[PDB]
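First, one chain by itself in structure tokens, the form deposited without the named molecule.
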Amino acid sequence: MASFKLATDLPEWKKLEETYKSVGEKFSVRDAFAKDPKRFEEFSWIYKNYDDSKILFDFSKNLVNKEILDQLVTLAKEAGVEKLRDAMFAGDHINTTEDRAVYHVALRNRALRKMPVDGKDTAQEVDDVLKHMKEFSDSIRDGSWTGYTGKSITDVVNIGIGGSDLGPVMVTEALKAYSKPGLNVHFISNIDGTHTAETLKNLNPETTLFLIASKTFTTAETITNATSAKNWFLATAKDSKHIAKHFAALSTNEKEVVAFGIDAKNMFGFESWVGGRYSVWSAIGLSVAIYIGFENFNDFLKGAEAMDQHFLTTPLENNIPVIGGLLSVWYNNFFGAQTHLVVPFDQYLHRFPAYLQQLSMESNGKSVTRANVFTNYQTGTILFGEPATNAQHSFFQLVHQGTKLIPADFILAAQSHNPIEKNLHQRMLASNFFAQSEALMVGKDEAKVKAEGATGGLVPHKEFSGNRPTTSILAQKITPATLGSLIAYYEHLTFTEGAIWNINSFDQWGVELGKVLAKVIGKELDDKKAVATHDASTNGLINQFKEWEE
């Protein structure tokens, strides 16, 4: 049980409402730098990773000062962020609505600390599956695991959706510099048949390995897609006994895996207490281990592990994911900003925002607290983004000159995996990273617009308000370890947010209605008889489809 019902009940929440009116709403970042010559030092933190690599988190261009952050910290203490965190790490069933542990932290327990669920250490069982993942990925990569005609595997297709897809996609894209030429990964996720047809078009069944990734192993799209891949494989291979060399499963559900015709020796298991949107660390990351090798995958886990130890052991006021979460609440609940922009100045990280969208929004898009009452305040933010410099030429116009507050996180690596032309492109990329946050803060007033040459009614069109907040995250390099630490940062930021809002960040009851309603309609699409069983819009859309379908 929670210690409180609603976040709005916490005494510091009421205090922050007043602080918002007196100091927050008209906060001047320019004035803050001028008041405090140590602002950068006070509002930036160096994270040191397990391998002594570093990441600078600079919050100093945010609409925050010591007064405000101290209050947000007091709010975090009243909301029991620490008690909930420690319960999570203790293996307690803090996913209250499903009565489950929340133990993604245990997936990357490479130190083999004691980490019990139901009073039973999980360290060894997690480790065993990783050992299996190492053996199998090494086999694929060295060419000793051969297909049904005795050939080495050249292509691996992950089939899965949401938590079983976005992670493998994002991380294989992000760490693509660590891949081996000739060993390619592919993804089928959408039920849209285009996805199957386009992905299998040029693949050879003799040298293609499928990974069927589903926590439940009952997701409608995934089982259907896996059946279609099995059909495609057998159209060439003919005999079902060959499936054992070409189909593995990443799942919690051994029963359904085996019922599907996948051998238990080819299952890479995980438990219920791994949420899908926190599963890349598990068996789900097998595609990653194959693409870039197990040791790199282990390094990614150990980056998460080090950020977990940071989150667990650091006082709130210096606790980097906590500070990120506190600013989010500040913007979401006091300013009323609805969005949170995440912009990697990194092409490899192009699918990093899409990944964070699930982690953040599926966790925190809730309307009911742990005391089982409805919120009377905003919960999860809408998270979006694209890589820079692309994003500068898409929607940054609105970020600079629009009417909406859009808290933004910019991410850059100091070193590129691709330092072509003796780093000409890298320095240009970096210059944009620095200048965009600079621009958003400093703006450009009327006087400067006039000095730069505009007259009359053109003048206001060229003004920049400035005072637009950013968080800058500078890594040395986007290694596996760095990426693991960065994801864990957003995981614990997400944690802090949900803890303050007193929501359950770890369930997803909101997907069930669409699932049940789609099955009903799917049966109705088995003929071309007009339907009148729904609302008139749903009926009209279905009936128009029936007239227009093949």
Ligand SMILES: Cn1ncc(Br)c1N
Contents of the next structure:
2 protein chains.
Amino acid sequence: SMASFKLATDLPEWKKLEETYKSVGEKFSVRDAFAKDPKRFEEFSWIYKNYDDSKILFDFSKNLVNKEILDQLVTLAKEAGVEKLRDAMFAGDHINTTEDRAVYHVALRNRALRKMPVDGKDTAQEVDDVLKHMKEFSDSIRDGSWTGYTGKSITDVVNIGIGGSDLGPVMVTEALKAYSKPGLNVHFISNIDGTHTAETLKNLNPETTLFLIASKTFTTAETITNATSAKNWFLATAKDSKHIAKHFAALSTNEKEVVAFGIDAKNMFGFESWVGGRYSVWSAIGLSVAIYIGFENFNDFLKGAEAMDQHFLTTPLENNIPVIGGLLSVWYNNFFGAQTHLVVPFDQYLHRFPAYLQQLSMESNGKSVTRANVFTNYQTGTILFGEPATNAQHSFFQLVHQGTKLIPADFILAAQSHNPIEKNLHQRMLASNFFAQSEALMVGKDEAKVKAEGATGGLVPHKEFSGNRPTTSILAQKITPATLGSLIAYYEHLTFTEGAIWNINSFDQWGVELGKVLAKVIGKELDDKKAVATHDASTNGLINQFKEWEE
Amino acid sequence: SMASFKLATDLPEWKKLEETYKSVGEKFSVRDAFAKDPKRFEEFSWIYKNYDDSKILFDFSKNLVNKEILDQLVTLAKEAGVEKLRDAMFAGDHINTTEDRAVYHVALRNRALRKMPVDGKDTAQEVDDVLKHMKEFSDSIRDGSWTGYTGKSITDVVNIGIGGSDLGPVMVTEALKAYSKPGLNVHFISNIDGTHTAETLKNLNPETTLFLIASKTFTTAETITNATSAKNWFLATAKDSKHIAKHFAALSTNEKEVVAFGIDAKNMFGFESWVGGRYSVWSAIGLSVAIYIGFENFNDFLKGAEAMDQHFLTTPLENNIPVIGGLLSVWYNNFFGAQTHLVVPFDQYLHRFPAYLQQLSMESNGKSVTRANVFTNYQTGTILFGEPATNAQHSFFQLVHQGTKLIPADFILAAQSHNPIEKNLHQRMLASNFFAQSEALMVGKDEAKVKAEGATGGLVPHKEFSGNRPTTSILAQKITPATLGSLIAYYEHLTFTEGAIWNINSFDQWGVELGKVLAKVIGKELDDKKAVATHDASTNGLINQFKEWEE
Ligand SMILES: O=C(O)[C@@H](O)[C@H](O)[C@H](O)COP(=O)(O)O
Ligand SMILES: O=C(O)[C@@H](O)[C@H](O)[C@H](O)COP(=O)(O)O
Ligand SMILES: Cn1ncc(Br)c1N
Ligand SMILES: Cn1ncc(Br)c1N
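Hand over the structure of the form deposited with the named molecule bound; the form deposited without the named molecule is what we had up.
Let us now look at the entire complex, which starts with that chain.
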């Protein structure tokens, strides 16, 4: 399973891209590119067709890229063996080398029931069987047939989990909230901070609340603590532990720990080690989604991911949409030295989409060691950030337009709103902003125009805009379950691409693994009341100041 | 009002800091610094005492800084005239040069009624008079005496506004939600996206809902549109426009536009041009806060800001807490070339604190032109991001620990929880994470330790942690109104400092001003149905694809 090369900087096309950066890239004029190439929009935009014949336009043409540059980036991808690694992923090979695991989120959305084996054994029916369990259970919650311990239908579902066991369910239930039904609400406890439990459960009724304990390992400190506190809250009213079986289910890989916690095995929704947390919403972890919007919508979301998987698998690199996205990220990160990537949904439902992508991206690609087990001498993962528009335009877009940092940005809009109020007035205004913002980042406003518009003397430079600030625009028809499925999978495969070029393992997380063992030593120290002198002086000082100030 | 210098790079200490970066900074060992200096925690931490005798510890000692470096940064601040600009701000001078305005958020929290003049006229009583109006109105909402058009008490208050007229109210009501009362809820419509209106108003009763239309200009497109749609929603039930007077108030500078919209002048809460939006929560814009948690709590929040103002005004630079913070930001941005700054509250109530600071920071300091009206040839504002812990630890902290990017970070914890459930178990665990995370970023884990812990061969590098990754830890006793007031003001004055060194105008926003006129041309084009060919080919293509896909 070893690597075909050591460092990205070893790939012969890397030095050629450095040369191209110097001669064409650094000074690249997007205005000039459009003037030189009447077909530029056609050449640097791609329509994706989803399984339901809906469409998404990916327009890359406002980026600092042309045919020469993209052809060089494609050659780099071939040298890096992006296709070989991708094929190994889809083959169920153990490409997560450091944990010796398969990387098989693609198998979770295999609705076609293709043969998709791990360790030589097809996963298709095992995955499907969990999905059938999810459909049966979510249907029974939604139709009222699953009753709580006093015989009432469930009104509230509380997911308890953190990281990969939280953020997908949050983001996707928010994104697809138009598909929810009145009277059936979802909630998400994740932070160990007791505020999260107290505020979430404050107004809920134990008789009509169902908890889903979401944990791959079922040993995570925060989650098991939160789950215990919720069980205590439930039993304060319900009294008898026999009633737990109607109110607690588990989403997990670890049957022994689930049962040991006192959940019935029948109420476990399983998944496997080859599902990374930040790739897990497609699994049993998405049960809150199926409950909130219905299993059929959840299934449509999976099929959207599957269609984008097939696109990534089958398309030559030069027309492969997630690959192009990933190649542009490498271009900016490693040649321009842009440390960040901005993601801006022009969509209020997608308000937690940037935060989700931040996990996906940064937890996958924030690595310093390659598959050849040497340290990198070049940049890896970027820092991702964002908020929805139009809010963002009034905020940090000031810096995006007039600051000193290059910030590659992705803007996303649906042509149709789920909420086309006031005869679509609000939607037309939203869309006008989408178009005009990316236009303005490209066109800018030169000295002569500032003067024509009435500024004189020392005010003029203050009102200039450089332009040639790059954007990618992604236009969907509508943010349906299927569309969101395809969009997430796009970003998954974009992340894949970047990581393949950098020659890192996109699929481990030894810093978040360390995080889950770090705090125990200090926790024991906070339990007894003596002052501490066992760490560095800052840690000791902070701890001791805390001890003086704590309740 | 002109500048004493052109470019930061002209300041004699700038080149000296470049030299210090090369010889001491680049290779700085924080472990070595603690070993060399037994008093390092004491020397690089400061206790702030608030007006109510509560305290906040600011520990900078895990930063890449020592006495030599900090003394050089202080000298740079003196060369840049940070104190002169600060004194001009507090004097009511028109230091927002490009708009020729005073910068006088500090006057909003002048509870001491010091003489604080703009254009030679004291502002103290005018500010106070608005606050007395806010107290009377918020008291009458809270006590039930302000009734809606059918004679019922108000149960829901909806703020409508965007940017500076939204994010402060959102963040501060979230942060201080422990101080709210059952049955009186606040809501925030901001996005033009009609989803925001539809979802917010779905379950509200027009008879018991009060709107606050928050707009400095009272002409912002999104806000006036949202406000109109809310008025339409209200009148669909209420029928008669005479009932608007019991249900709509305005937070604004622009009395003529407010009345013209059909709000009663008596229900206007005014503020002045010298309040920037991203500095406005202290003004009439904070009315939702006063309603949600009570005017006395709002006033305590102002007094916390006032105390931090007095600290910033009166403290020599070497012990001036916001200045030190700002100097470290310049150090990382301009000498290390770190493009970002991470802010992580170990506090679920403060979940929107990073987003608020993102506006404050990036909208203030994302500028390319100095007070001498020349373009910069060095980096200005950083990109700010963050999410609360412990969630963030499971997410992008992977990259913070093991990626290739330097990411200066601020961690914030309260020693006491408003929600100390389970005999403070959750709070002790939260705090243990706070300490352990910053410890781990500093200490790292070398090759020998990885081997001792059981890794062999090619796995070892994958599990190494560099350490020497910097953090600032801020420990409060409790996040009270007063504490939050002081914390925001800290960041305001930190932002001030950075901008003063860069010699930019922290107080204009010509990119967000452009944003509010950009979209109108395209909006007219989306109104008629013909295809468009009036822009660049990408803009035209996106618009035309939208037209094919739109309802
Ligand atoms: O990305 C990850 O691996 C983490 O965010 C995990 O999802 C998080 O630690 C929760 O782990 P578990 O699902 O085992 O409870
Ligand atoms: O920071 C700013 O200036 C903007 O975010 C404004 O707050 C926003 O545009 C709203 O402007 P107004 O308060 O005039 O409606
Ligand atoms: C660079 N990038 N942008 C979004 C995502 Br997900 C990644 N990895
Ligand atoms: C650098 N920085 N960190 C927080 C804020 Br507010 C700013 N300007």
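Under this definition, the rigid core comprises the largest set of C-alpha atoms superposing within 1.5 Å between the forms. Residue numbers count along the first chain shown, from 1.
Asks: Once the rigid core is lined up, just say which one of 520, 34, 513, 46 has a C-alpha that travels 2 Å or more between these two forms.
Replies: The answer here is 513.
Asks: Relative to the superposed core, what is the Cα shift for residue 141 between these two forms, in Å?
Replies: Superposing on the rigid core gives a C-alpha shift of 0.1 Å for residue 141.
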